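Have a look below at one chain only, the form deposited in one PDB entry, in structure tokens format.
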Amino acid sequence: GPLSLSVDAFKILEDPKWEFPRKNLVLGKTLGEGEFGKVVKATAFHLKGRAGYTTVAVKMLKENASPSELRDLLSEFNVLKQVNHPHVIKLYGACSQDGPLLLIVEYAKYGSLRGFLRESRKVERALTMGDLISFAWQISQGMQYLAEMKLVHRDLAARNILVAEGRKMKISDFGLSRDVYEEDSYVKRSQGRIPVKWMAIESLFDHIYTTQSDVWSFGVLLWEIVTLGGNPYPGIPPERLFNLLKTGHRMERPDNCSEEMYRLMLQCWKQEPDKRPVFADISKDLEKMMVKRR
């Protein structure tokens, strides 16, 4: 089938640019477990030209992986080989030869944006609205880049953004990302694996994913940022989202949120995907709020 073809092709592809000697990689503590796989802290000796050890993160399959999970890891590898942006997690290499598939990626010392925000508060860690706006802007910059590359991320959420040295955002978790060069849309007959509460109305009902459904997810992400890692649609069961969204309901303006910021969220969640802003516009709106605050 499609996966068996991918695995065979992968196992023969002589890939000197990305292949890394397993013996030069030492794995450490678990940093997290996504639904497709797990990430562990690691160190790699003589990685891509750097003398000595470099601390990295390593993505691998969980125990008892399914074909779905294996497909997603292979896909993430294939996507990450083609992307290069300061706000997208960087790929360093892979170990594929004499053991389980390991992807070697950039380590982000602060962990997920969600965890970073929830440990904070607005003025443990002290964040200003300026900082919050900055975070969103960096993510929007990254997304503009991916959208230009005709990639749809599909799984944008604070748990999928990492925070690197200098509080720099890194979009991560490309296992569900898909190329839309030919049709500008990705459509799947089967039920998706993205959490319901982050999905655009047309993804939930019609299984259509585009850059403008990424924009909807960004609006949920914006809400998570503004609420310092709140839970979307709190107390509302996911099965209720079909009716709630189709009848035009959206999350209300949260506390410590300007009318301008809330307006941007609502715009991300317009029923009609064509009425939603593009990432370029999102970046311009955020930069504007940043300078108006000074």
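Residue numbers count along the first chain shown, from 1. Take the two forms, find the largest set of C-alpha atoms that superpose within 1.5 Å, and that set is the rigid core. What changes on going to the form deposited in another entry:
- When the two forms are superposed on their rigid core between the two forms, the C-alpha shift of 2 Å or more among 259, 252, 255, 33 belongs solely to 33.
- The rigid-core alignment places the CA of residue 183 2 Å or more apart between the two forms.
- The rigid-core alignment places the CA of residue 274 less than 2 Å apart between the two forms.
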Second form
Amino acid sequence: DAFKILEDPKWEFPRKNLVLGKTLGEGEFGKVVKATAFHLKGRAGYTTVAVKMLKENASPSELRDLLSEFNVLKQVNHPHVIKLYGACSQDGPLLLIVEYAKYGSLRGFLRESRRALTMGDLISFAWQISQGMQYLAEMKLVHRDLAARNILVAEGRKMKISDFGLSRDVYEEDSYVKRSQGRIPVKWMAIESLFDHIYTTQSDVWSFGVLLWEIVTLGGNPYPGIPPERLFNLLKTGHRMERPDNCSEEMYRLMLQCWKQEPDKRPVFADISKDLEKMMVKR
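Please give the other form, namely the form deposited in another entry, since only the form deposited in one PDB entry has been shown so far.
One chain, no partners, no other molecules: that is all that follows.
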């Protein structure tokens, strides 16, 4: 029975210690509300947090993605990865108590700033995300849904990689796994994911390339008006997005390297973090 949730004493939090507040956002993803949690992870007072829960019209696959995000979050801990604090899994709706990111998504944050942001700010955002990705790749995780919509902006404009429900291990550990087919946005999928359903740390690098383009265009829309079929044929014949305005030559070069046809010819996240750090310190 996939509806039965086994309690994890390490993450269980009392429902009566949690004050549910205003809705931050609701969509296909579920429902996220702002909350105050009392006596969280041993501390004496209260903590402002975000709580994710199923929507009223949630389906079994939405519960499966919420449980999957919960189990991935239990394993990771990094300053540029959204932090799990606990959960209320018994005697009521499943609630995930997570780090609160006051600015919402990076896509909305960038779009709203069209708020003064410099190129330095943009490089620093990309660099923070690359450090998180680099740590996630050493944790043997393949994110699959890296995109500006799926990254949060917390206090002090700090990037927090989020949305771990579609995350996979680089080496599949289960004897039997039922894959939820075609869940990643077409425009953020690497060429090998589009043709062969292949998702590795190198396809996360291709998605990081699309994310770079989103950051540099302040939440722009990649490949405007190109249908999935034409997009796939264009990528197959070597066509890539042109250099957008307000993007340095060195930054566009890094994007092209992320979109190389051959996965092993793309840079690794450790190289990307050093590339972005040099770009930051040059100024």
